[PDB]
Amino acid sequence: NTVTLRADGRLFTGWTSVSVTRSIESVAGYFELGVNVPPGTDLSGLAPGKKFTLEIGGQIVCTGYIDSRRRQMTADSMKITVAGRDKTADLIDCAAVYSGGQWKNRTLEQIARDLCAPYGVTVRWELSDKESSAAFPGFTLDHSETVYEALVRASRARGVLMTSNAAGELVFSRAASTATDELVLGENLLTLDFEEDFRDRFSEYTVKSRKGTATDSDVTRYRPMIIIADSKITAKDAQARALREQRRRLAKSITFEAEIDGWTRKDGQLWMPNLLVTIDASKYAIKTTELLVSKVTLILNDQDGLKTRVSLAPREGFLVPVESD
Amino acid sequence: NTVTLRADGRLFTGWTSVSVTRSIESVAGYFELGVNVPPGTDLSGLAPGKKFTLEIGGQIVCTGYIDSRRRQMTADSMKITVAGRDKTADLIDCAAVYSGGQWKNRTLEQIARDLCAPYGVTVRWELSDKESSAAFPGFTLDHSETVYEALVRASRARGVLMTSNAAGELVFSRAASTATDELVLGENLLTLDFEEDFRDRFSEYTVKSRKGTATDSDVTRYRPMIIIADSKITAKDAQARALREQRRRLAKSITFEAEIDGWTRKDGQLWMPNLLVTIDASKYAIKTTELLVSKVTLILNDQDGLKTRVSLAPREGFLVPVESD
Amino acid sequence: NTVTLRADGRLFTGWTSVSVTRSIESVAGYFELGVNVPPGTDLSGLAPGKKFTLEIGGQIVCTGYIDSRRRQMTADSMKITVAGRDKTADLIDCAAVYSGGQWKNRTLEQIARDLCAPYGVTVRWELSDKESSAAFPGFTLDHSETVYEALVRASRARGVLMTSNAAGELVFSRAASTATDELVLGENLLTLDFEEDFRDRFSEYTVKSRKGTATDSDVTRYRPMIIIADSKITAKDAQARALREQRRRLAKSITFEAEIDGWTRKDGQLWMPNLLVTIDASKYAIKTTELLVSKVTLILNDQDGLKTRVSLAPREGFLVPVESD
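Protein chains in written order, with our numbering: chain A, 1 to 325; chain B, 326 to 650; chain C, 651 to 975.
For the record, the hints were derived by calculation from the structure and aren't laboratory data. We put the CB at the ideal spot given by N, CA and C, even for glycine. It is possible that some hints are incorrect.
Not the full set, but computed from the structure, chain A residues with beta-carbon under 10 Å of chain C [stated by the list, open to error]:
#: 1; residue: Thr-191
#: 2; residue: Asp-193
#: 3; residue: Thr-220
#: 4; residue: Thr-278
#: 5; residue: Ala-281
#: 6; residue: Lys-283
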């Protein structure tokens, strides 16, 4: 639909270039808009630091602060490029700070609340299982680490994913488990780039003399990878690390890059990551099972048209094994 | 004007490709010339290692040694590319060596003299204040560090910049403080690319439990960055490091990339870095204060013409805070 | 001639894109084939993990496992790209594993046998001198290092090169010493790119207080490089390391990139690395001595034709100095 940027209380529309990205791998979506402006156009509202809201046809798709403003000019004209990120960008950028220094008997959601507080970021817990909500006997910050880094460690200790959403909140969840969309070649799926790469896949991963391992049945030949770990590591944290490794490789090994027509799914909602979907390219013998959308890039160009780039990988690659500490 | 390369005592002119760069960030300017040569052309003088002098319309703009020679040929023709750097390149490349191993009650200028001596590089002290010239009770080299690295540490201990000039001398100074040129869009300024990027800017920088901090008023929201430092660090060396960090980010955050017509300034001199200037792009509401030229690239191409690329950033980004050791 | 890929027992031909690379620097040649396929084409045999044999006009040029399969499709057509490497790729990828953990009085060839065994890779010893075959009083693996890394250390301890060949075997040898081919500009040599770069060349290299050095007569001015090494290092392992450094720089400093017509040498054999050759570009005053082929890339494209890319550097750059441990 129509792209609108709400900044400095003002409203900006008419962008000739648009690119909005959001992925699981990150705790912050990114956006970038472009357009040529006639001399004498006030751009005071698109200044870095300005609070913004990025809307499309109405529904908000990103809220945070403007990161950058670029003006390229000649005697004749000027091209402006504005870029920003979800409020959660501060968590990725800045140090973890907590009046105390640690927590006692506090859950992940609770520790996140505290870390997020000074950044004015709200935490969104979308889990309803006992394991993930279990409290941490104790949790301590690690010298100057970012909020994001501290939370990766705690979230990893609870086997949950951390992401962000429009509105700019920190969301805790797990890879979608129910398929809700279908990509069909020739219809909503304009182009599909399916890549199966085993260069970094191993038959068995062994961490460190304590030890633990994870195997990968898809790798037909003997291909071991050894990971050196701390001497004092549970047979559990070993098996977990090993497994994390196997899944990370799976994720990067089996991938689909799809070009969708338009920006919305069948149900009208805008494409977003963490959606389980299926692909049908039968014409080329390709019909897939459950693929998780790891990333989405909504673009608008003159030589690209209104398209969405969707990256997908096996759901299993995004399950977070439980690792202590 | 006309580009001439004086090498092996000979004189070479007629280059079809020319690119000469000099920036504050470095202690050595770089150059590269190109041209197609008819079979049977002696290029023995453009051999790597050959001492050279690069002149433009007369005035020398770079002197050092040829670093490389490239010949690309077909049955029909050959394209030659020669590249070199100021004599000071050796200081960036090679180990710091000193018959003794340390100095006692010696100034920065004096320590530089010694380190530069074996490389046949002359030191140019362009400072006349007591602080910068203060002698070092003691100064010691650090296992295999380069001349450049040793001098960065000592120059940092005196809050001064280190650069090179035509003639290839090591120059000590501070960011220019007097504006002497004006870039006007449509006139001498053909194109301007103004970039304001706050992705790496923080509201406060804190180094390390000793501590010290520096804030950045331009960053409206709470965005802290913690820098872990040695336990035994002065409240001074802490505040200094913190401040260095703030300025380095400023430098990379607010930048202008300008395309100037020709190679000379209004007063006839060739463009060079460390010049305080002002920019006027009023047509697009842009009129700036004092910007320091951090880099200059003089180019000559068939599809570029005779132009100069000038990179500018706030002067304050280039002031060197005093840090001990 | 004709490019055929034997995979899954099947035979695939008609590739529109072909690129096969092999270089000394590596223990595994790489290949990649491309072609557009009509809907309904079975590609089950080109699946990652599949054992393959890459033949050209008959003679095999690479044998190993398929690493990747890529399918790019639109409603209209699909482009397939398959890539693989010599069997030896596993040695570069995987951990060194040995039922014991060490060897006693075993030669390089023997240690390689053992390390290679679980990967089903056969060792090819092409040396007949006493030094290289001398047994190691003792040799021990180093926590999780790859087979390739363990063997680099042992092969370095014997001054020999390690490479791979078609058939996918691990070969031990030394840089070819007899010239067997001549590249002549205008004839078999279509284009030549000769680069002489001294930016990373030093007059003297000194390792670490034990010490040892190597000089480089080609560097006319004083340019020292110091390499910090372990305190307990022989005056021998010092001189050796220093020399390795000098040769590595030589290799990257004086280089020729040549475009050969076709894929075969004069004697009919396909171009391969580790061939001593001479170049004659007299038309441009260039007639070289003995250059070693460090790499070869056999390509077939629509806008490139049937060509071979040959990279060459001074033979001396590839002699492996003896370093203990």
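For each hint, the structure was consulted:
1. Because the closest C-beta pair between A:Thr-191 and chain C is about 5 Å apart, less than 10 Å, the hint holds.
2. A cut of 10 Å between beta carbons decides the hint on A:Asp-193: the least distance to chain C is about 5 Å, and the hint holds.
3. Annotation: interface hint on A:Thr-220 holds; nearest CB of chain C at approximately 5 Å, less than 10 Å.
4. Checking A:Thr-278 against chain C: minimum C-beta separation of about 16 Å lies over 10 Å; hint violated.
5. Given the 10 Å rule on beta carbons, the hint for A:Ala-281 holds: about 6 Å separates it from the nearest Cβ of chain C.
6. Look at A:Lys-283: its Cβ gets to within about 5 Å of chain C, closer than 10 Å, so that hint holds up.
Checked against the numbered hints above, the structure violates only hint 4.
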